[PDB]
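Participant: Given chain A, put chains B, C, D, E, F, G and H with the ligands in place with the hints provided.
There are 8 protein chains.
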Amino acid sequence: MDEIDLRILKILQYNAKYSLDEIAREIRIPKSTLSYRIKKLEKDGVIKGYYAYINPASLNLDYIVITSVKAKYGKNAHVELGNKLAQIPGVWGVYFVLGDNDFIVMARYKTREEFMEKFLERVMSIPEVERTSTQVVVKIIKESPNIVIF
Amino acid sequence: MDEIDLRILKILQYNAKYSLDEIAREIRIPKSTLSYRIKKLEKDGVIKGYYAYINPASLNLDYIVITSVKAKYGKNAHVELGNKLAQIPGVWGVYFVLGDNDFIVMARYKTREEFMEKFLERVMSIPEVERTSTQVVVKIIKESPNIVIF
Amino acid sequence: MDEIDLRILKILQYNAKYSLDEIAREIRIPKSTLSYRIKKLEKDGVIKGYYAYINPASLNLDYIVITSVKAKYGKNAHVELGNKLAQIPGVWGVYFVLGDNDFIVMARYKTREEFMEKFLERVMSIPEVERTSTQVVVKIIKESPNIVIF
Amino acid sequence: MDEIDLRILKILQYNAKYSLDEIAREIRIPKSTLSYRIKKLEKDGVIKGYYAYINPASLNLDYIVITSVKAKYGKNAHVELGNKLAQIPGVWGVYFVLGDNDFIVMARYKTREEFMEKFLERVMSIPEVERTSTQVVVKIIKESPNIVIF
Amino acid sequence: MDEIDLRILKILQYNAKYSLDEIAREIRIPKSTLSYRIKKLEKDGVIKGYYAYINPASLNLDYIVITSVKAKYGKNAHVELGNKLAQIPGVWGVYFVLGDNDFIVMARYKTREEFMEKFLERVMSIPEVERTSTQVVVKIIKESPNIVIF
Amino acid sequence: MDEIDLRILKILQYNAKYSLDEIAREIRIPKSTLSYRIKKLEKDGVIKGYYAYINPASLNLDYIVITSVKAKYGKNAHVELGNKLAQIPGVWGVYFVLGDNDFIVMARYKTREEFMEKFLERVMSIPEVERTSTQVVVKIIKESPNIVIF
Amino acid sequence: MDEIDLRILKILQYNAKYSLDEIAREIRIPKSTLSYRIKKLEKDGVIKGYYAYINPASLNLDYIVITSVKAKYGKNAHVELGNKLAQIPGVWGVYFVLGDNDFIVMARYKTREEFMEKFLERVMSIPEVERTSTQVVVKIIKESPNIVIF
Amino acid sequence: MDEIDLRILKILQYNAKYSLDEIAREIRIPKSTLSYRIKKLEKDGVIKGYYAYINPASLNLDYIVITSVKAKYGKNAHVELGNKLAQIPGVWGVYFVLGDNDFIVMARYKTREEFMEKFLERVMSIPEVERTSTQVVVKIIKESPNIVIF
Ligand SMILES: [Mg+2]
Ligand SMILES: [Mg+2]
Ligand SMILES: [Mg+2]
Ligand SMILES: [Mg+2]
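These protein sequence lines map, in sequence, to chains A, B, C, D, E, F, G and H.
Using the deposited numbering, the first residue of the first sequence is number 1, and each one after it goes up by one.
Using the deposited numbering, the first residue of the second sequence is number 1, and each one after it goes up by one.
Using the deposited numbering, the first residue of the third sequence is number 1, and each one after it goes up by one.
Using the deposited numbering, the first residue of the fourth sequence is number 1, and each one after it goes up by one.
Using the deposited numbering, the first residue of the fifth sequence is number 1, and each one after it goes up by one.
Using the deposited numbering, the first residue of the sixth sequence is number 1, and each one after it goes up by one.
Using the deposited numbering, the first residue of the seventh sequence is number 1, and each one after it goes up by one.
Using the deposited numbering, the first residue of the eighth sequence is number 1, and each one after it goes up by one.
The following block holds chain A by itself, in its conformation from the complex:
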């Protein structure tokens, strides 16, 4: 990658539905070259894909939660618990962090009941789980994971 690729990516991360023309003109380079670089970035895995950004409100996902999960210590209980958490419906993010030395899970649901049935009830039955602490998101001030180039 070079400065050029950065400028292309900075644009694609915001709006991928621009035209080579539009982008070529903005970056000041040959359209065929731009098209080449983009194809390259994809082949190399810099660009992994293109997604439709959907507003969760539209889907009535009003019950947003962030849950911390403490794994019971023991052989591979941490690796196992991670993947189990990742496959739960509504869960879009799973991270193992240092400090609390546990898992942080980001999930979304339409309602409390949906949350209870699909997430909570299920997590409280998993073996490797010691404790969980759920924080109800009452306000999303910002959520733009797509912006990786500031």
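Hints should not be assumed to be uniformly reliable.
Unchecked claim - Subject to a maximum C-alpha distance of 25 Å in a straight line, what follows is the list of computed DSS-like cross-link-like pairs (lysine-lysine): (1) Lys17(D) x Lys17(C); (2) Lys142(G) x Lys48(H); (3) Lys142(E) x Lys110(F); (4) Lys142(E) x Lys139(F); (5) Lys17(A) x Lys70(B); (6) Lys48(F) x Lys142(E); (7) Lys10(A) x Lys142(B); (8) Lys48(H) x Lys75(B); (9) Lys110(G) x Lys142(H); (10) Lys139(H) x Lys118(H); (11) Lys10(E) x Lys48(F); (12) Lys48(B) x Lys10(A); (13) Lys70(F) x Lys48(E); (14) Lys84(D) x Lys142(A); (15) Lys75(B) x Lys84(D); (16) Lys84(G) x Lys110(G); (17) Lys139(E) x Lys139(H); (18) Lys84(D) x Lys70(B); (19) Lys72(F) x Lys142(E); (20) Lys75(C) x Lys72(E); (21) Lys142(B) x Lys142(A); (22) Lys75(E) x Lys75(G); (23) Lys72(F) x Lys72(H); (24) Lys70(F) x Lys70(D); (25) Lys110(C) x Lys84(C); (26) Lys39(H) x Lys10(H); (27) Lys72(E) x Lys75(G).
In case anyone wonders, no lab produced these hints; they're calculated from the structure.
Facilitator: Then chains B, C, D, E, F, G and H with the ligands, alone, in the frame of chain A:
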């Protein structure tokens, strides 16, 4: 929205670079109709945009952090602090949650130094801030916020 | 339900021993109609009953406690523990909450000994229980659960 | 009070709409005597009133919260904060407890927004307030404060 | 007991080696009467004994500790653990408290090693023990348990 | 001090109302010598006094509390707060400890009200105080501070 | 040891590569005497050795961590866990402390991965371990354990 | 640096008082070359110095402490507090960490009093300090910061 829109969205949330043909054939409907519904979903704000999914590794974003921030109580200190947190470079997510009754901030940086200079040092100077607790993400088991329809 | 029912309920939640006359006159509607609406609200479950409000002081209930209870994780240990907590004498409220992700139990007793014997000693023997934290209420600034319409 | 009064109260705490006849017959005493004792209990403040028990679901009170509030130390800041908490719409219970040495507040709302606007936003502006921690009740296993005689 | 007994006790709690004469004269009552009341207080268990107040410094008890102990929940594990804690050499106080819902243990030793060997090492082996948290007293501002009448 | 003094002290710490005869005979030494050693221990401050051991139950001291107090940092705020805590009626023990790095206060009262009025309300007004956490002692398994020689 | 030895040690703790001449002249004593005292301090174990002070940056040790570890209670689980922690590569310090009543572990690694593989993953498998909390050192303001004489 | 330098450093980190001969023979290289490489490592700052390893016991440093310090947020209060902590006598280590987002301070003293006077009392007066939590090290299982190459 109807069941049809859901099927379209379920696909677009995964891969937006499919062709009307490909999607029309998969959903079993007229291409002109599909094209219409998609245009409608956009006009109505269900679909807010299309982004390029970039792998952060490729950008050397290796210092991933999740920080909780306690706001000092007082007139609008909470609303103010939120927006200040959202404008910090590298910060892609800001949430106000219940339980801890504070803010959860998701950010990414290339290094610790970058993290310190851009995020930490800056946050520790903000007035409305009482305390912060940073959790270093040592492993991302999953991060697919784009998947809103399970 | 309509605005009218709300006005009736707002009154009944405060004092149920008023007379149809008194209420009819206050709401400005036919007594037979009022009587009808009240009967309807009961049949529909809006109004579940009428209780005598007894001052706990009069019964010497001076040991008021609020206890948080952490359930040991495992198949249905949460559902089971809930109901066991609800059947303990003196316990009038049981809630499962998010944040602490546990149970909050409201109870009343005449003395510490009564509290120990009936509540504490009993709770500390239950299997599904991991930890409990009891907060001694030293002052009730307000307790009017009956007021549901503000 | 005597054993007799207890039996009367035990009944009235459950259902106050019984008839003297029904109660007299159950307690095995003269109706005029029963009527006397009840009048006495009221005059003495044992029985403070009669309420209609309304199901909160019927009023769409789905956002149930239990909030702990730490008061900033200083002359009468505790007494003041208590009463301010008690006058907030939706708040039906306020207790000062030992252990956490703070306030526990019980409130009900139709939605998160209502909760934010009426409760949270308001509490975060009060001077005497140091910190608050809100626990979202996701399940009421029991709530019968009216039962004071077990 | 009466006001008179209180005055006698208030004195004895401070200095028990006064003479009936000295006390009689101070309380303004017959020496034989005083002697009677004191004998009575003893027979009734108000006064359980007379002790020599020894300065711990003199015995080189420089390692003062206050330890909180969480008992593992289960049948009588709490009652058992209490008595086991009370019989440990150097331990002079054991209390079960509400809030932390555990045991608070007061002990004294000449050195850290003595503390480790006699107290810590021993407590960490007891079955019913879940966790312990030891606070090293670096300063005794006051310790006059003998003063029960202020 | 020598082994002999230890044996004398071990006895006096339990029961100070023994007679030189009784003690002399038990320790196997001349009564005049014993009397000398005891006088010496007093003059040297090993033995600071003799107290009457009074059972707090007899005085209706049923509200036993152990309170942790965090001092606000600043010039001598710690030294000042200590002495203020020590002069509060009912407070018999004050310790500054490491770990929590605060004060532990032992107090006794007849009732909750007495506790509130005399202790709590007063402590919550002191300037140097940041936070307090009160633990209600529901059971004294042991309290024998007088035993310094095990 | 005497004042003289202290002056010698104060110097050697800073720079051990000085010459007897240089030190003799600074301390104002015969070189043969100095040489004698140093040999003595070594034979007596005051001076245990001489080390090369290596800058960790030079070795790319950028992932510095401080981890607290709670041992599960049980026969010798504490002694065992200590030694297991001490033998982990990268771990240079292990302490058992009072307050948290656990272990504090100081370690260094080149990267997060190295940290995970060598330290974290390994610690999370040890039996006697209950919980761990890792604090990522983002800045070493000072690290001079070699200075024992201030 | 190369593999050779590593072998030299691995040795010097353990014992710096070996002779070029001894080291040359062990590493299998010319003494003049070894001498060159060592001089180079010093000039480049890999090797910053040579210290005498002194046993703290010998100096009666029996009061070992590890203190966490929370800085009050505000312009440069963190940078300032760090350096103030580093200049306190007995303090050999100061680290700013993530998780607790504070400072960890390692210090040594002969006694509790020395600890109080030199460290604690002094730290509790510093402005930028919010809270401190001291952990008394009762056992050093290992302390070999000099070993940077495992
Ligand atoms: Mg996207
Ligand atoms: Mg009622
Ligand atoms: Mg005594
Ligand atoms: Mg060294």
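Participant: All hints, please: hold or fail.
Facilitator: Hints versus structure:
This hinted pair checks out: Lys17(D) and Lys17(C) have alpha carbons roughly 9 Å apart, not beyond 25 Å. In summary, the hint linking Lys142(G) to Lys48(H) is supported, as the alpha carbons are separated by about 15 Å, within the 25 Å threshold. Taking the CA atoms of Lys142(E) and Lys110(F), the gap is about 21 Å. The hint holds against a cut of 25 Å. Straight-line distance between C-alpha atoms of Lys142(E) and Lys139(F) comes to about 22 Å, which keeps the hinted pair within the 25 Å bound.
For the hint pairing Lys17(A) with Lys70(B), the CA-to-CA distance comes to about 39 Å; that exceeds 25 Å, so the pair is violated. The straight-line distance between the Cα atoms of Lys48(F) and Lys142(E) is roughly 15 Å, inside the 25 Å bound, and the hint therefore holds. Between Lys10(A) and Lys142(B) the alpha-carbon distance is near 23 Å, which keeps this suggested pair within the 25 Å criterion. Simply put, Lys48(H) and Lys75(B) have alpha-carbon atoms about 53 Å apart, too far for the 25 Å limit, and the pair is violated.
Among the hinted pairs, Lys110(G) with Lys142(H) is consistent with the structure: their alpha-carbon atoms are about 21 Å apart, no more than 25 Å. In summary, the hint linking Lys139(H) to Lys118(H) is supported, as the alpha carbons are separated by about 22 Å, within the 25 Å threshold. Between the alpha carbons of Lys10(E) and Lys48(F) the distance comes to roughly 18 Å, so the proposed pair stays at or under 25 Å and holds. Simply put, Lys48(B) and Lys10(A) have alpha-carbon atoms about 18 Å apart, close enough for the 25 Å limit, and the pair holds.
As the CA atoms of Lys70(F) and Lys48(E) are separated by approximately 36 Å, the hinted pair breaks the 25 Å bound. Between the alpha carbons of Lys84(D) and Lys142(A) the distance comes to roughly 33 Å, so the proposed pair goes past 25 Å and is violated. Simply put, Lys75(B) and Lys84(D) have alpha-carbon atoms about 16 Å apart, close enough for the 25 Å limit, and the pair holds. Under the criterion of a C-alpha separation no larger than 25 Å, the hint pairing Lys84(G) with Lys110(G) is consistent with the structure, at around 22 Å.
The straight-line distance between the Cα atoms of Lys139(E) and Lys139(H) is roughly 22 Å, inside the 25 Å bound, and the hint therefore holds. Note on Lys84(D) and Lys70(B): the hinted pairing holds, with a Cα-Cα distance of about 23 Å set against a maximum of 25 Å. Pair hint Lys72(F) plus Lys142(E) holds up; C-alpha atoms about 20 Å apart against a cutoff of 25 Å. About 21 Å separates the Cα atoms of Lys75(C) and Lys72(E), which keeps this hinted pair within 25 Å; it holds.
Pair hint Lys142(B) plus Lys142(A) holds up; C-alpha atoms about 19 Å apart against a cutoff of 25 Å. For the suggested pair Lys75(E) and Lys75(G), the alpha carbons sit about 22 Å apart, so the restraint of at most 25 Å is met. For the hint linking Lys72(F) to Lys72(H), the alpha-carbon distance of about 12 Å falls within 25 Å, and the restraint holds. With a CA separation close to 14 Å, the supplied pair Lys70(F) and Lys70(D) stays within the 25 Å bound.
Distance hint between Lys110(C) and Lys84(C) is fulfilled; the C-alpha atoms sit about 22 Å from each other, no more than 25 Å. Of the pairs offered as hints, the one joining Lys39(H) and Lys10(H) holds, with about 16 Å between alpha carbons and a cut-off of 25 Å not exceeded. At most 25 Å may separate the alpha-carbon atoms for a hinted pair to count; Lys72(E) and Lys75(G) meet this at roughly 16 Å.
In terms of the numbered hints stated before, the structure departs from hints 5, 8, 13 and 14, listed from lowest to highest.
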